[PDB]
Every structure is written in structure tokens, then in C-alpha cells.
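This report concerns only the one structure given below.
All protein chains but one are shown in place.
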Amino acid sequence: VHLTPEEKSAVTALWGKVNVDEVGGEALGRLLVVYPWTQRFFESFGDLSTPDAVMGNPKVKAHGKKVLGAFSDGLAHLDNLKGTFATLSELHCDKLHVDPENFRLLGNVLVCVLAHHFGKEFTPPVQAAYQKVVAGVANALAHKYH
Amino acid sequence: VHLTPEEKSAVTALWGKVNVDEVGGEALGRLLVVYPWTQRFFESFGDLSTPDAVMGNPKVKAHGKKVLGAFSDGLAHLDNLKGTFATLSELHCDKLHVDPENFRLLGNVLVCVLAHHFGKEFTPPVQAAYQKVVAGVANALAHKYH
Amino acid sequence: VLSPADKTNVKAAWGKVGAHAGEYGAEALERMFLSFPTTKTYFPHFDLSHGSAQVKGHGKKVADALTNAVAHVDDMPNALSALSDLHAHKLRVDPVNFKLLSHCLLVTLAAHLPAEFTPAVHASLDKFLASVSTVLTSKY
Partner (left out) sequence: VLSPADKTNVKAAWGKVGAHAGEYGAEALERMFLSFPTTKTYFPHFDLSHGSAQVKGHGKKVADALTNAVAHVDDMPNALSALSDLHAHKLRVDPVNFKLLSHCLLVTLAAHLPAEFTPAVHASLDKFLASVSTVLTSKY
């Protein structure tokens, strides 16, 4: 996907301020709470019976850290997302069979987490740039379905 | 997209029996009837007030003929759908701003029309092959959003 | 909102389905499993091969649920309440998948009822299956 230099600037400046140890777990936890059918894929994570149990679950925080690292890798390779996410696409598509609509959902939850964390700093133009990114990541993760 | 030789065989044998002057208008008409918000894009077509008016509308039949020709062109270039639909993608995305979910809808309506026309000949394996095709066409038409 | 004409159309088309309802439900399931392979992960304990007795038996259950919905079209949330609990709470079915099964049910009806599957009836059946799907996903 193609961001303008101003879009790249907006995305890069905000991402350098993200707590990479926490935001991934926050987005994954909210995905499991808001879209409860995604809990089907995380049976081995233990207690997901309540929102507090989800957000306090150490396996959720740990796995969210890996998810955020993949988004960081996408941000560094904005015009080769397909090659970047190739092995991840085979995992999610060929072995896990996650419906790709859920890639869009997780991306939109990440956008909600960034808005929550950054407040008025997460301006409409900054959001518009992040929507391009999360859409490109979702599309690249789904290429093995395409 | 990649069809197996058996999938290609199933698709090609059925498509050679399609009435290319009628099936496109039938799918477009049913799209306008079943998903009425798509009528927003066809104000210049005249009377679309009732299902009979839609299916009997000569502009609907005429335009459906062009849509079916584009599907035929996709069937002939199954591994360069992106290049095949490039100018069509710019038209629908950059100038018309059709939401790409509607490309999937039209593809699924075409599948319904083929099932109606061919009956038991439209077996589950034949359908599965056509779903791969219409998904690939929809994805290629949406590339200018991607 | 199913209109009066929609309810008449759905009653008529499903009434013509008759005692084939079980077979058509099984065919719609096979269509879904072959066309949309992600749906197969919900049935790991099924044999999904053609002619499977488990798919045939399940297709009859699906058809009977739709018949119940038709017979109680004005009161579908109540009629399908136990089914919505099952799909959302226990099975945690992805809502995307109801669109896939609904499409395969329409394809199955189109392939078997050439006279009934007019554009108007097609529209009514799509609205009906969307209404059933809305009820079955209402309980996450």
C-alpha cells in the first residue's frame, strides 16, 4: 500500500511512542472481549471467562507482544507486505483457517487502542493513515486465501 | 487465482454453454432486485420500481452483457486477473467509488443464476470452482482500493 | 423486516421443497464445505466426504430448523432462541459463516426449483435467511 510522505510521517511519529510490551496485549484482549467468537482459537490460554480475566491473562499479553511485532514489521516494509506476511499468511490461512474478516477486526481494534492511548493526538488524518496500514496488513495476511 | 485442471475443466465446460446475451442481464437485474442499494449507481437506467421492470429493462440487459464479457475475459486470464481488470478497477474504485463488498455480491448472484440455469449440472464441486473464480475477479476489481 | 409478500414467497418456495428438505440441507452443507473450506473446522468430528451419513443427518436438522422458522416467521427470535444460544455461546460460530451457508442454501434452492426461484422469490429468500442469521448471531 502507498502512504503519502505526510501519512508516513504521521504513522511513524506516533508508533515511536507506542509501548511495545503492552499495546499488542491490549488489542488482542479487546478482540477476545468484543468479538467473543475469536476465543475459539485460543482455548489453550486458560481463563477467558470475563473481561478482567482476559486483559489480566499473561498468555494474552505475551501473544499480543508477538502480534504487535508483526505490525511493526509491516510498518517497516509498507510496499512489500505480501512478502513480509507470507509465512504468517500460510499459518493463519492454511493451518488455522481463520476467516480473513477477523484480520480487519483486529486491525480496527488496534486503531481503537491507539485512539484510547493517544487521545486528541490521534487526529482524523492520523487515523486515516493507520486505516491504510491495517487494511494493507489484513490484505497481505489473507493472500493465501486470494 | 489457481484452479486445478479438474476445476478448470468444470468451469470451462459449463461456461461454453452459457447464453452470453442473457445471463449477464439476469445477474445484474437480480443484483438490483435483491440488493436494492445498488440501484443508487444506475439512476440513468429508468424504471427500476419493480422486479419485472428491472428484468425487462433493456438498459439492464445491455449493460449485463458487458459485465458478462468481463467475466469471460477473466476466465481466459485466470493468473493475470489484476492486469485484466486494471482499467475496470480504476473505473469502479477511483471514479464510481463502489464499495468492493458489492463485487462479491454480484459474483455470488452470478453463481445463483448459473445454478438456476444448469440445475443438477451445477454440482457442489462445479460451484466450488466458480466461487474461486468470482472471488478472484472481485479481488482484482478491488485492487485500486488495496 | 419481512414484508407480507416476502412471507408469502418464502412459504410458497419452502412449501414446494417438500420432503426433500432434509436432502437439500445436506447438499447446502456440502456446497459450503467445498466452496468455503474454512467452515470445515467447525466439524472436525464429522466425516465430510460425499455421501456421509453424518452430513445427511445434520442437513435434516438444519432443514427442520428452517422449517420451524418458516412456520413461526413472525416470532423467529423466540422459536430459534435455543439455536442462537448454541451457535453463539457453545460453538462460537463466526458471524461471517452464516452468510456463507445462506448463500449455499440459495444456490441449492436455485438448482432444484427452477420455477420457484424468480427474482422476487430470490429476494424474499435472501431476506429470510438474513433474518434467520441475525437471530442465530444475536447472542454473543
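Letters A, B and C mark the chains in the order given here, with residues in each chain numbered from 1 onward.
Definition applied: a contact is a pair of C-beta atoms (placed from the backbone, for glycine too) under 8 Å apart; a residue touches a chain by one contact, two chains touch by 3 or more.
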Hidden-chain contact residue, picked from the options A:3, A:14 or A:54: A:54
Listed residues A:18, A:70, A:91 or A:112, member touching the removed chain: A:112
Contacting the left-out chain in the complete assembly, out of B:102, B:127 or B:139: B:102
Contacts of chain C with the absent chain, listed as residue ranges: 1, 134, 138-139
Residue ranges of chain A at the interface with the undisplayed chain: 29-30, 33-34, 51, 54-55, 108, 111-113, 115-116, 118-120, 122, 124-125, 127-128, 131
Touching residues on chain B - with respect to the absent chain: 35-37, 39-40, 97-99, 101-102
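The rule is short, and it goes like this: only the chains that are shown with their structure count from here on.
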Centre-to-centre distance between chain C and chain B (centres being mean Cα positions), rounded to whole Å: 24
Whole-Å separation of chain centres (CA-atom averages), chain A against chain B: 33
